[PDB]
Structure formats: structure tokens, C-alpha cells
Amino acid sequence: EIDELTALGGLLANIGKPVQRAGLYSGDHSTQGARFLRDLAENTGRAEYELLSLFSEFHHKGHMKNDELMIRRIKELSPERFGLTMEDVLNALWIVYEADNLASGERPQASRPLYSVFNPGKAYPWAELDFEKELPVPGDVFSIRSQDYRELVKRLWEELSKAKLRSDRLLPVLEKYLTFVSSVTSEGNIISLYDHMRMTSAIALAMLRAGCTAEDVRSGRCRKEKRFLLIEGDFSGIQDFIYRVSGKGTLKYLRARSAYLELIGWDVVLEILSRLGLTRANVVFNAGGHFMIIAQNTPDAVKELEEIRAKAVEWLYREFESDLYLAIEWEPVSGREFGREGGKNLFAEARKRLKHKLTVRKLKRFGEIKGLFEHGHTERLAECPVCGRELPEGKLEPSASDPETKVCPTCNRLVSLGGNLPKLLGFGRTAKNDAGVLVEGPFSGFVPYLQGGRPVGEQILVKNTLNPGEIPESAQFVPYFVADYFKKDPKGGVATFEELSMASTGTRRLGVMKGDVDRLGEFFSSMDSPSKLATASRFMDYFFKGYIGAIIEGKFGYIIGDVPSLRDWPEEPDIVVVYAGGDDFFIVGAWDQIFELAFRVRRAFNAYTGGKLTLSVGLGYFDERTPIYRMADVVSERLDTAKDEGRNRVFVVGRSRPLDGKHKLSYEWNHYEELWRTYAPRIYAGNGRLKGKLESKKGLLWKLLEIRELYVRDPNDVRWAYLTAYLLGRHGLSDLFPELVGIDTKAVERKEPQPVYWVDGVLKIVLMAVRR
Amino acid sequence: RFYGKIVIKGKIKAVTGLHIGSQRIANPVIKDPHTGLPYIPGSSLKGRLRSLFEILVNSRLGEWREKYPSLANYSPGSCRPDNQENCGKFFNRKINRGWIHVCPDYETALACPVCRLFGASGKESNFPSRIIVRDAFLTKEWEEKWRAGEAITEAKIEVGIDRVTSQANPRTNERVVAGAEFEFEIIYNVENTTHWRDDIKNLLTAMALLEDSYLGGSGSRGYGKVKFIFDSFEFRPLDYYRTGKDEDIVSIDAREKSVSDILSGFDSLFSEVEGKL
Amino acid sequence: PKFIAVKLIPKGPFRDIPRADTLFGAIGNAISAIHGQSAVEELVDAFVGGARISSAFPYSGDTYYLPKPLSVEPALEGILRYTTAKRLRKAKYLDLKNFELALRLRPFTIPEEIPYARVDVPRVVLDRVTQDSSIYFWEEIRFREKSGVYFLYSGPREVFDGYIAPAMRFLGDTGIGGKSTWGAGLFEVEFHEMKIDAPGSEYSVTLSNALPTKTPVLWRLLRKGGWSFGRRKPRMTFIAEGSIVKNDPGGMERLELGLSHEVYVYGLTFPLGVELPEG
Ligand SMILES: [Zn+2]
Ligand SMILES: [Zn+2]
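Chains as they are written, first to last, in full-length UniProt numbering: chain P, 2 to 108, 113 to 777; chain R, 4 to 27, 35 to 287; chain H, 2 to 81, 89 to 287.
Do not rely on the hints blindly, as some may be mistaken.
Using C-beta positions, here's what the derived DEER-type ranges look like [said to hold, decoys possible]:
1. P:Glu650 with H:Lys105: 20 to 28 Å
2. P:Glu744 with H:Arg97: 40 to 48 Å
3. R:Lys211 with H:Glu201: 43 to 51 Å
Derived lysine-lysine pairs resembling BS3-like cross-links, with alpha carbons at most 30 Å apart [what the hints assert, rightly or not]:
4. P:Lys375 with P:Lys229
5. H:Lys154 with R:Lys255
6. H:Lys232 with P:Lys362
7. P:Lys369 with H:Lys241
8. P:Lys375 with H:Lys241
9. P:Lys229 with P:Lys308
10. H:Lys241 with P:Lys411
11. H:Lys154 with P:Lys756
12. R:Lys166 with P:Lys698
13. H:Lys94 with P:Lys357
14. H:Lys241 with P:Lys667
15. P:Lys769 with P:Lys696
16. P:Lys231 with P:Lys66
17. R:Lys133 with P:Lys400
18. P:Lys367 with H:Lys105
19. P:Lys367 with H:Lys94
Simulated from the structure, these hints should not be mistaken for lab results. Even for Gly, the Cβ is constructed at its ideal location relative to N, Cα and C.
The task is simple: from the sequences and hints, build the whole structure.
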């Protein structure tokens with residue numbers, strides 16, 4: 002309609018840049034994209050490709066001259082083939098023009118690629134998406150050969166012909182190829198070409214809704230006036246929601262919760278987009294229970310956003326007894342508030358006006374309830390044995406494991422979903438009173454779209470792929486990515502706790518790790534435009550979504566190198582990715598491959614970013630007979646142990662320390678990986694066995710960890726210096742441990758731990774990998 | 004209702020080193043999470059006095075049908091071979107796999123001489139315990155020897171030997187160093203003055219069995235021989251708790267042994283209590 | 002504001018820091034033993050009029066800790089570096105010196121070490137005939153050598169010495185909840201006087217579970233429910249310690265539970281004055 006034709010008008014405007022870097026026509030890519038969309042309307046084409054060439058032609062302001070050139074060209078062209086008004090087609094040219102400036106900011114040279122968002126000095130070699138067989142490492146800068154841009158266009162020439170000319174179908178095509186293409190060729194441009202066309206479409210759809218006309222865009226009134234409205238929400242209480250279940254539902258159930266949370270995350274965002282008239286371009290990001298939507302400032306929409314929020318929260322109060330809360334806040338901004346003005350970042354302080362409204366709302370945790378502090382004593386409630394929710398009696402139904410226990414109804418939907426995870430290809434968003442819906446959200450119901458099956462519903466969430474394979478033409482395609490690796494059992498299903506640790510290296514134990522990127526909220530305030538923040542929140546998004554799968558599959562030896570590894574990486578590793586959000590991850594697995602993975606995730610993350618952001622992984626080691634609500638409790642505290650100290654450091658093993666404060670526990674990343682290079686290849690050979698003539702001396706390495714326990718009762722004593730030298734003497738092993746036999750006078754004056762303090766964690770990993 | 008609290012104090016003398024363990035040296039003893047001194051749990055000493063008094067009744071389920079009711083409803087033995095709660099046999103509570111004597115209600119637990127004292131949950135009833143077995147920590151003489159450089163644990167390596175080929179298969183066990191002193195405290199609650207008497211006779215009977223048996227650990231390989239040295243008997247009456255004015259009945263047992271306290275001194279030392287009840 | 006502090010020096014390891022409602026149910030079950038039945042309902046009418054207690058809070062060798070108010074979070078940026093804005097917000101307790109500063113919205117300091125350590129001890133269940141194991145986990149608060157737990161009292165001293173000081177001598181020999189047959193909740197008691205200066209303003213932090221009648225200003229919510237004589241109590245929406253009300257007296261809700269007597273749940277607020285930012 003008149004609505005959607007302005008939506009694609011901003012989206013298909015800067016096309017012509019990818020045909021410019023080839024050089025199919027002359028310069029001035031507005032003239033190129035006019036010809037590139039004219040000839041597509043000729044063969045295998047609709048009628049709008051002639052009319053969507055208008056939008057690519059008249060932007061950058063070199064083409065709207067005296068408001069007079071625009072008319073005579075479109076005087077011949079016919080808007081009555083769909084019913085567009087002569088002036089209302091002229092209106093959509095100005096709206097795309099202003100949104101083309103708003104997403105950009107203050108802004113050709115040669116043909117420089119996408120300079121990387123973490124190091125703007127480095128750049129990306131051009132590549133495709135789908136996160137398979139490729140890790141985009143920002144390398145040295147190389148300006149792209151123009152022969153590469155020819156096959157990009159011809160492939161894009163074919164993909165635009167197949168796909169339905171529609172707003173939700175051109176987005177997964179332009180995201181497929183133009184993700185790694187720089188928009189404006191300049192020095193250190195870290196703004197991608199997909200996002201610069203996406204936010205151009207996103208703002209133009211809001212300017213149509215705000216109510217501005219062509220001459221109002223021409224006047225300076227449309228900018229410098231409060232017409233945009235930054236919606237932002239956040240789930241507060243995620244870690245208190247997923248992990249607080251008792252010793253039931255081993256890992257088919259946790260893996261079901263972490264995707265159930267993502268359904269609620271999309272059931273609100275897609276509710277805001279339909280109710281306000283917005284497409285999926287208006288989402289800036291959505292990862293990890295935290296989204297941000299750009300919308301219009303009408304009186305009409307703010308009436309709707311209070312209805313969305315009050316209906317979400319009252320759902321999140323009955324279904325979960327205040328364990329999860331969705332705090333939605335919005336704030337009106339002006340047009341000039343996006344780009345930087347002078348030297349002051351307006352978009353950061355406009356985000357601080359919005360993030361503070363989050364911080365107050367997370368305090369008033371359930372304010373819009375009014376039956377919150379009301380007391381009514383209902384007869385005979387009881388609580389669930391799995392998740393611990395209080396229900397009235399009779400609603401507790403028998404489970405899918407045993408008919409003896411009387412679990413929640415909402416747990417049996419999450420055990421049945423816990424089996425349908427391998428047999429899955431997406432979700433379908435549909436009405437509440439439908440047949441076949443497992444789980445209900447705060448606005449809709451989600452049908453499983455199985456392996457063999459047909460999709461049902463009006464909107465279809467599709468996991469981990471951007472191509473509408475078996476999807477009908479009428480439906481909306483909403484692609485979500487999720488970190489989804491799991492070791493399959495002998496059946497066709499998801500592994501158990503008690504399967505992963507039987508197949509581990511050495512003794513049996515469950516290796517939980519939970520790590521997160523540090524100083525990331527300070528990193529997203531560095532961005533100063535919606536083009537720039539949508540990119541940085543998407544490249545950071547795709548590491549823990551897509552490229553963490555390719556690490557566990559066993560790839561990228563050139564990028565990673567050698568890690569502290571008890572045995573070389575198997576073909577099918579036994580790793581269960583429970584959750585991985587974008588800032589955060591929580592991965593369980595075989596406890597001596599989770600040890601190998603943490604140094605393999607950190608190493609690949611340090612080359613995905615250009616050496617600028619770091620991880621803090623908190624490793625734990627727990628038995629199979631351990632409830633998960635304690636495993637997440639101890640590991641998150643081992644996380645905050647490794648967080649408050651240096652933010653660039655790994656916890657490895659539960660380790661005893663003196664009460665002085667000089668001795669901090671968790672290892673620095675680089676400091677640990679040399680303690681593996683020295684200590685491990687001289688006392689350990691590989692695959693759970695020891696070096697030559699050190700067997701029948703596994704009593705020694707316990708005695709060597711007894712002398713570390715004399716350093717802890719008395720750090721000032723030098724009793725550990727000669728006991729180190731003697732015990733290596735009697736056993737004939739005078740060559741091993743030369744760093745421990747002598748005191749370090751350099752370490753005394755630095756007030757750092759002695760080298761007998763660091764040896765505990767490097768010995769235990771070698772010791773626990775043998776049966777001990 | 005409530006009448007007073009007979010507080011027993013004294014010393015536990017682990018004559019032979021004892022071991023408890025945490026399952027995390036292959037079998038380490040429990041210690042404090044901060045100081046590192048080992049101790050005896052209150053549970054490892056309430057449950058151990060429960061097992062030893064359970065078996066003695068198990069032999070006398072016939073002869074105690076006139077002194078105690080609710081033993082006519084029992085027959086000696088376990089209920090493991092048929093997974094049937096509150097059957098005719100005695101140990102009728104399956105916790106996870108262990109079958110333990112726990113009475114199911116109140117009015118049978120009030121007469122049963124174990125569940126009256128040590129306490130029993132059951133369904134719909136929950137008769138709470140009557141004793142409070144407080145933890146035991148090392149005597150300040152031994153807390154100071156911890157500071158005087160002495161080691162309070164020691165590893166014993168035991169071995170397991172093939173019968174024919176005489177191979178060696180060792181293992182380690184971290185025990186508490188033998189000769190130590192733990193100071194214990196067992197706080198009885200006087201709920202009913204009718205069976206006031208027997209709970210102090212049936213608790214000191216379980217200590218006569220614990221002194222001959224072991225206290226946790228390997229035990230039959232020698233790691234028990236716990237010995238009780240009493241220091242103070244008290245009463246702490248209901249007059250004491252209302253005002254705090256120190257007029258509690260005290261019985262002196264400073265050099266009294268646990269078989270010299272059951273009948274040698276039990277009419278003697280608790281003579282002063284019987285007038286106050 | 003001179004508060005009768007009640008120090009609880011622990012013997013064995015506590016099951017939890019006692020909540021304010023764990024204490025008042027423990028105190029009421031004491032007075033039903035050492036004073037009969039009619040004195041407990043007389044005790045309930047005394048707390049209705051003026052008397053208030055607080056939740057229990059830890060102490061570490063006279064260094065008395067107190068809950069951090071939620072008054073500091075909406076304008077912690079107006080206080081003071090981003091690393092400091094998180095580690096100051098992440099905290100849960102403040103010292104007696106530093107709790108007074110955040111009532112006036114001054115810059116302040118968190119404590120460095122927490123006194124207690126929530127450790128989990130594994131226990132076992134053994135059958136009597138075959139000595140066959142049956143493990144189950146268990147977890148409790150383990151306090152240090154000097155440290156312990158205390159709570160506050162403000163009200164008429166003839167209600168203190170008549171009611172509480174008997175009850176805290178009876179509760180030294182039967183525990184404050186938990187498996188108090190394993191010597192868990194036991195302690196010894198000493199009483200003291202303790203002074204907190206409150207700036208006069210109409211907003212107030214609550215040092216106990218609030219259970220409000222009108223909606224508060226800024227509140228960290230809490231769901232807990234007790235167990236009176238084997239009967240489960242329904243989960244109630246208390247507010248955690250350190251939330252901000254304006255002129256709210258709190259309340260107590262009697263509950264049925266099918267007992268011979270009615271059962272009250274202490275939720276009377278414990279207001280100390282606070283200065284709020286703009287919102
Ligand atoms: Zn449930
Ligand atoms: Zn019994």
C-alpha cells in the first residue's frame with residue numbers, strides 16, 4: 002500500500018552502491034540503482050521495481066532540484082496501476098531523504118571494505134553469512150578487487166528475482182550478502198551497508214506514522230522536533246528463573262527453559278511491531294532478554310504501549326510468581342538527537358535518559374498490578390517439586406517421568422518440548438485458543454514446526470537460517486538465531502547429565518562454565534547513531550549465537566592455536582550449550598572438554614574482536630548428583646570472584662588462599678596459558694596418562710600439593726623451599742619443578758604470590774585427568 | 004508443655020582416631043570452612059545414638075509391650091524385601107533406600123521409646139525431637155595445640171592385598187589424630203513429667219553402646235572408641251527462664267564415667283531434681 | 002533513636018540469617034511456653050501499639066552491619089568509575105558507619121568481606137540392618153569465630169524486659185528454626201544499646217519485612233512463607249529490608265491454618281528516616 006511502499010523505499014535506496022563498486026554503469030549510484038531496478042522490472046519482475054527505482058534515484062540531494070525535476074519523470078510513470086496519488090508518491094521521496102540523513106549522522114575515496122567495529126583500523130575480508138566454515142577475523146586492510154563485486158551483483162540479481170517483493174523478504178537477502186560491505190567508503194567506516202539501509206527503512210516508516218508531509222520534511226521542522234520514540238525493555242530475573250529448579254529434569258528441561266525465554270522475548274517485540282505498524286527493521290537489537298525498538302511519537306502509539314506493557318506484566322505475574330519481570334520504558338527523542346552535534350554525543354545521553362527509566366522501573370518491580378500487596382487466603386495451595394511454584398491442589402498433574410509426583414502443568418509442556426528440541430525447525434506464532442500449541446506467551450501461542458510437518462500460524466519464527474525454505478508465501482518470516490549445539494545420545498535426542506560425564510576424560514564430573522563479556526554496557530555507549538549501534542549489537546550478537554557453534558564443531562586452528570588441552574578435540578564432542586545470549590553464556594559438558602573449550606572460546610573471541618574486549622569465564626566442577634540451582638549458584642559466585650578482581654581472568658578450580666588480600670584466586674588468561682606450557686608437558690603426556698617413570702608416583706603429586714598447604718597456613722615461612730628440593734631428590738626427580746625449588750627474590754619485592762601458590766590449579770587438572 | 008531443660012555437658016575423648024569425610035588424601039575428614047579444625051557433627055552423633063538404641067529395642071520388642079505401648083504393633087526386622095511402608099515389621103520408613111524406624115503418627119510415637127525421645131516425622135503428625143545434640147569442637151587445650159605447631163590430622167595408608175599373588179592396593183584415609191578431646195553438649199527437653207525418668211536412662215544406655223562400638227568412620231578397622239567424660243549435669247527450670255535468677259539444679263559428675271552415672275550415680279545425682287520435677 | 006540491640010552469639014551453624022518473621026514466630030512460641038497462652042495475645046497487642054523489632058543482620062567483632070537502602074540506586078550517578093557504580097550497587101549490607109551516610113545520600117564504602125559463609129554439607133541416611141547409604145545434600149549458614157548475628161529493638165523497656173529478654177534465654181536453648189536437633193539454631197544472648205541517627209524527613213527505609221498497606225516508593229520484593237506446627241503458610245509478598253515507604257505503618261495478618269489459636273505474621277515496618285532523590 003502507501004504504507005509499505007515507503008518502507009521498501011528506504012530499504013532499497015542505497016542499493017546501487019554494490020553495483021557501483023563493480024562498475025557496471027557510470028558513477029553517481031543513484032543513477033545506477035535507477036537502471037538496476039528498471040531492468041529487473043523487465044524480466045521476471047513486478048510493477049513496483051520501476052516505481053521503487055524512484056527512491057534510489059532522488060536521494061543524497063543532487064536530484065531534487067527546485068522541486069521540479071521529480072515531477073516530469075513521474076508524470077510519464079503511472080501510479081494508478083496500484084492507486085498511488087501523484088502527490089503521495091512525491092511525499093515518500095522526501096521521507097526516505099530525511100531518514101537517509103538521520104541514520105547516517107554527520108556524513113567516497115576508493116573502495117575500502119567494512120572496517121571492523123572493534124578495531125576501526127582493521128577490516129573484514131568480504132564473506133558470506135550462515136556462520137559455517139568461516140570465522141571473520143579482522144585482519145590487515147585490503148581494498149576489495151572490483152571483480153568480486155560483479156558476482157555479488159549477479160547473485161543478488163538472481164535472489165531479488167525469486168523472493169517476494171515484500172518488506173520481510175528483502176531483509177534476509179540484504180543481510181545475507183551486504184553484512185560485510187561498508188556503506189560509505191571512508192577512513193575507518195564501521196557502519197555496514199545492511200544496517201544503513203535497514204535503519205533508513207526503519208526511520209522512514211516512523212516518519213510516515215508521526216504525520217509529516219513533504220514540505221515539512223523540506224523545512225527544518227521535522228528534525229529538531231520530538232517525533233521519534235525509543236522503546237526499550239529488559240527482563241530482570243533471568244538467572245533466578247532458568248536455573249532455580251530442583252533435582253528433576255536433567256538438561257532436557259534447562260535447555261527447554263532457555264528457549265522458552267526467547268519465545269517470550271519475541272512474543273512482546275513482535276507484538277509491538279504489529280500494533281504500532283512497524284516491520285522487523287524497526288528492531289535495533291534483541292538478544293539476551295533485552296531489546297530496543299525505534300517507533301513514532303503519536304498520542305495514539307503511547308496509548309498502545311501502555312496496553313502492551315500492562316498486558317505483559319499481568320501475564321508474567323500469574324504464570325510466574327514474580328520471578329520474571331519485563332520492564333518496558335520509552336522516551337521521546339528529536340530527529341537531531343540521533344547524530345552527534347558538535348562534540349557532544351546526543352544519542353548516549355538520550356540513552357541515559359532511557360536506561361535510567363529502566364533502573365527506576367526495575368526497583369518498582371511490580372507497580373502496575375494493584376493486587377500485588379493485596380491478601381486473600383485461598384484454600385490449600387501446594388508447591389511443585391520441580392520448579393517450586395505454588396499452585397492450588399488439583400492443578401498439580403502427574404508428570405511425564407513418574408505418575409507418583411504431581412508437577413506443574415507448565416513443566417509437562419517443558420519436558421515434552423525437552424524432547425522435541427532435535428525434532429525442530431522453528432516456531433509459529435498464533436492465537437491462544439488453537440490446537441497443537443505447547444507453550445503460551447504473554448500475547449500468543451507457539452506451535453512447534455517439526456522436522457516433517459507444515460507450518461501453521463500468521464508469523465513463523467525460523468531458527469538459525471535466513472532462507473524461507475518450506476514457508477508459505479503469505480506468511481511473515483522472522484529469523485532468530487540461537488546457540489544450539491548438543492551432543493546426541495544413542496537415540497535421536499538431547500543428552501543427559503549422566504551421559505556427558507560417563508563419556509568424559511579421566512574421572513567423572515560435570516563441567517559447568519558460565520562466562521560473560523565485561524565492560525560491554527560501557528562499550529555500547531561509545532556508539533553515536535542508530536546505524537552504528539545496530540551493527541555493534543549484531544556482530545556481538547552473532548559470536549555467541551552462530552560462531553560459537555563452529556568452535557565446538559572443532560574448527561579454526563589457524564585462528565586459535567594450541568589451548569591447555571588434556572586430549573585433542575573429538576569429532577563429535579559431548580557439549581551441551583544450555584544458554585548463550587550475546588553478552589553471556591552458560592555451557593555444560595564433559596568436564597575435561599569444558600576445560601578445553603573455555604580457552605578455545607576466549608582465544609577465538611580475542612580474534613573476533615580485534616584484541617579489545619575480554620571474557621571472564623568461571624569454571625566449576627560438580628558431580629552428576631547435584632541439583633542445578635546450586636550449580637548455577639556456586640559458578641556465578643566463582644564468576645563474580647573472577648569479575649571483581651581484574652575482569653580478564655578465568656576461575657579454574659576451588660582453591661585455598663591466605664586471609665591477607667594479597668593473594669587473588671582466579672587466573673589471568675595469559676598468565677595461566679604459560680603455566681600450562683611449562684608445567685604440563687613435563688609432568689603430563691596426553692590422554693589421561695603421565696610421563697615416563699612418573700607412574701607409581703601419583704602419591705608424590707599429592708605430597709607436592711601438601712607442601713602447598715604449608716604455604717597457606719604460614720605464607721611467611723620458608724619451610725616449603727627445602728621440602729620441595731628434598732622430595733624431588735628422594736624420588737630421583739630433581740629435574741622437574743626448577744621454579745619451585747628456589748625462592749624468587751623478584752616475586753618478594755613485587756608483593757605477588759610465590760611460584761608454589763600458582764602450582765595448585767595446574768597440578769590438579771593434570772591430576773584429575775588421571776583417575777587419581 | 005515445658006518444664007525445664009536437662010543440659011548435659013562434658014568431654015568426648017576420641018581414644019582411637021576417628022574419620023567422617025566430605026567425599027571431596036582420598037577421604038578427608040570434615041573441618042570448619044574457615045579455621046580448619048575438625049569436629050563432630052550434631053547429626054553424626056544424634057543418628058549414631060539413634061541406630062544403637064534402635065537395635066537394642068529391636069531385640070526387646072516383646073518384653074517392652076507392658077512398659078511401652080505401640081510395640082505390640084511391631085515385629086522385629088526390616089521391611090526391605092517388600093517395599094511396603096508401616097507393615098508389621100519394625101524399620102518402616104524408606105528415606106531413599108534405607109529403611110529406618112520412624113513412627114507414622116503422634117499417639118503411637120508418644121509411646122514408642124525411640125520416637126518419643128529422638129523424634130519422628132510421619133504424615134499429618136510431625137512429633138518433634140526431644141533431645142538437641144549440639145556439635146562437638148576440640149577443647150581449648152587442643153585448640154591451642156593447633157596453634158602450637160602440632161598436626162591434628164594424619165594420613166593412614168591402608169592397603170588391600172590379593173590372597174594368592176599378594177599384590178598391594180593402597181588407599182589413604184585422613185583421620186583425626188588419636189588422643190584428642192571434643193567438648194559435647196546434649197540438651198534434653200522436659201516435656202512430660204510422667205516419663206521424665208526413662209529418657210535419661212535410655213539416652214545413657216545408648217552411650218553405653220557407643221562407648222563399646224565405634225563413632226563413624228571405618229570403625230571395625232579400629233577408627234572409633236569414642237569415650238564420654240561427663241563434667242556437668244544441670245536442670246535449668248522454668249523458674250530460671252522467666253527471670254534469669256540463677257537457681258538451677260546442678261549435679262556434680264566431674265570424675266564420673268558413663269557406666270558410673272547410669273545407676274552408680276543416677277539415683278544419686280538426680281535425687282535433687284525429683285523434688286522439683 | 003537509641004536502639005536496644007540484641008546480640009546473638011552463635012554456637013552451632015545457623016540455617017539462615019533469621020528473617021524478622023522467623024524471630025517473632027520464635028519469640029511467640031517461647032512466650033507460649035514460659036508465660037502460658039494468654040500472654041502471647043497480650044504480646045501481640047504490645048507490638049500493635051508502639052513496639053517494633055527488626056530482621057536479624059550480621060555483625061563481625063562489634064562492626065555492626067545493616068542493610069543498604071534502595072534510596073541510593075536511582076541517583077547513584079549523582080553521588081560520585090563505572091566499575092565503582094556497579095560494585096556499590098551489587099552490595100547487600102552496609103556497616104553502621106556507612107549505613108548512616110547513605111541515609112543522607114553521602115558517598116560511602118561497601119564492606120570488604122562478608123562474615124558468614126553459606127556452605128553445603130553432605131549428610132547420609134543409613135538403614136539399620138544393612139548399613140546401606142542414602143545421601144542427601146543440606147546447606148546452612150556457617151559463622152566465623154568472633155562474628156555472629158544481631159537485631160534491633162525500639163520501644164518501651166517494660167515490654168522488653170517483660171517479654172523479649174525471657175524469650176531470648178529460652179531461645180538460647182532451643183534454636184531459631186532449622187534442624188535445631190542438630191544444634192543449628194542455638195546461641196547465647198547479650199543485650200546492648202545502639203544508636204543510629206535519622207534525618208527528619210517523611211520518607212523512611214524499613215529495617216524489617218514491610219508487608220505494606222499502600223504501595224511503597226522503591227521496593228525490593230520478597231516471597232516467603234512459614235510453617236506453624238506442621239501447617240504450611242501461604243506465600244506472602246513481604247518487602248525486603250531497605251525499601252522506602254512514606255508514612256506507612258505496615259501490618260500483621262492473622263491466618264487460619266486450622267490450629268487451636270490464631271496465628272499472626274509479623275510485618276510491622278521499622279522506619280528510619282531517609283533522604284530520597286528526585287524519584
Ligand atoms: Zn512445575
Ligand atoms: Zn517409634
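Now the hints, each set against the structure:
no. : hint                               : in the structure
1   : P:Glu650 with H:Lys105: 20 to 28 Å : holds (26 Å)
2   : P:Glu744 with H:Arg97: 40 to 48 Å  : holds (41 Å)
3   : R:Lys211 with H:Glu201: 43 to 51 Å : holds (47 Å)
4   : P:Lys375 with P:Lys229             : violated (39 Å)
5   : H:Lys154 with R:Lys255             : holds (27 Å)
6   : H:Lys232 with P:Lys362             : holds (28 Å)
7   : P:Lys369 with H:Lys241             : holds (26 Å)
8   : P:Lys375 with H:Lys241             : holds (23 Å)
9   : P:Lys229 with P:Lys308             : holds (24 Å)
10  : H:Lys241 with P:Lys411             : holds (20 Å)
11  : H:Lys154 with P:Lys756             : holds (29 Å)
12  : R:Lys166 with P:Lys698             : holds (25 Å)
13  : H:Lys94 with P:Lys357              : holds (16 Å)
14  : H:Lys241 with P:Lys667             : violated (48 Å)
15  : P:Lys769 with P:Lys696             : holds (16 Å)
16  : P:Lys231 with P:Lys66              : holds (28 Å)
17  : R:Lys133 with P:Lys400             : holds (22 Å)
18  : P:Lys367 with H:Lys105             : holds (28 Å)
19  : P:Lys367 with H:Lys94              : holds (15 Å)
Of the hints listed earlier, those the structure fails to meet are numbers 4, 14, in rising order.
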